[PDB]
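As structure tokens, one chain now follows by itself in the form deposited in one PDB entry.
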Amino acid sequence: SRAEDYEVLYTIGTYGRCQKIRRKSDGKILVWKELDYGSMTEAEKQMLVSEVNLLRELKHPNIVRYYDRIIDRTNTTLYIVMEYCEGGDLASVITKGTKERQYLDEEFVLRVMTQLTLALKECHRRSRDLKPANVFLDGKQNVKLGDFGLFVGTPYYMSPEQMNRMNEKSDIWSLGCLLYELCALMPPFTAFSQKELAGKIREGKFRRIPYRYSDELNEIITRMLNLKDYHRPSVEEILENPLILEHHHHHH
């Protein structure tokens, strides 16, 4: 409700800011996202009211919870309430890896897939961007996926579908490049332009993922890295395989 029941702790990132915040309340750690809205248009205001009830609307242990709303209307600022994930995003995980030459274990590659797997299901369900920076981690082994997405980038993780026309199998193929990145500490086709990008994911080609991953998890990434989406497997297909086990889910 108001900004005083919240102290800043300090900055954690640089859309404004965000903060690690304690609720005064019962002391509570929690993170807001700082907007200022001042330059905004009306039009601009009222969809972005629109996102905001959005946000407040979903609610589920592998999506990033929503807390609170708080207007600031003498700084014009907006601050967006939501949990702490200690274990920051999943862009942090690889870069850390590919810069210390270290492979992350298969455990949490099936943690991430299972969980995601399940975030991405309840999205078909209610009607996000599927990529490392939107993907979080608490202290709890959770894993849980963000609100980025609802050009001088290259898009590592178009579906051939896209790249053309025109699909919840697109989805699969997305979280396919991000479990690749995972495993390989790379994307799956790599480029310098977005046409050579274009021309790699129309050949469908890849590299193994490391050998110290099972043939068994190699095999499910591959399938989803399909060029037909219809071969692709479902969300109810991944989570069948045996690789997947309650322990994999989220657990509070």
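By rigid core we mean the largest C-alpha set that fits within 1.5 Å across both forms. Residue numbers count along the first chain shown, from 1. Compared with the form deposited in another entry:
Following superposition on the rigid core between these two forms, the residue from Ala191, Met40, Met186, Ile29 with a C-alpha displacement of 2 angstroms or more is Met40, and no other.
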Contents of the next structure:
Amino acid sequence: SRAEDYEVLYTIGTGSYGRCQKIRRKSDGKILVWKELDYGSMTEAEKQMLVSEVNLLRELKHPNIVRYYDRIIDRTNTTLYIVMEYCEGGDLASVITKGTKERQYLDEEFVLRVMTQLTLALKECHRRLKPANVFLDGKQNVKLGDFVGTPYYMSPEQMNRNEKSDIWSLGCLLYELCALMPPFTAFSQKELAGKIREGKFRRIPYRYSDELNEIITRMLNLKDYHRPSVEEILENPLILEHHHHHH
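The form deposited in one PDB entry done, now the form deposited in another entry:
FYI, this one's just the chain on its own, none of its partners or other molecules.
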């Protein structure tokens, strides 16, 4: 409830809203993180918005969604700390970078794990997305977290004016995991939007099964109503028990 109940171990990374720090909970020694949000220049209406968003994250409990634990206020520095689960395997952006630099494609079994567990995370989100926002724990489990950049994962419909848009994004992510590059690449957003609207891309590398290529390709269909639902994804014969989470 107070920042003094935790000890900062070190800064994991400085993100958009502030730092992500690895912390230790004094009571039991539990390793967590917290995100540092400088609410200094808010904004009573904005602060109410933030409190409500924090509430609904407080209620999002799922093995494939980064767990919320606590929120702490420290007026001495205009900083709100969001205490969350620590994912010791890091984010997927780093996995993709490691693959690119070491010129080593990822195992199809890993891609099926990501597909399975992120589809389940999305199922929960729809009930109740890029490599940097997807984390691995220590037991092979996958957890969904949360102007200069290129919207590589932007779907055609969301580019004109939708849970199927999430399916398109997941397709882009799985494709990038397989090919170590996004399906649509360009140097300007006009070129990128053109490529996205045409919906053509290279097959994922041939070391990946036709079945995996087929489901990712379906997720990348230009028409949202042709992309598979979460339910249709999880029905795929590729997806087995061992691809799900395990405590």
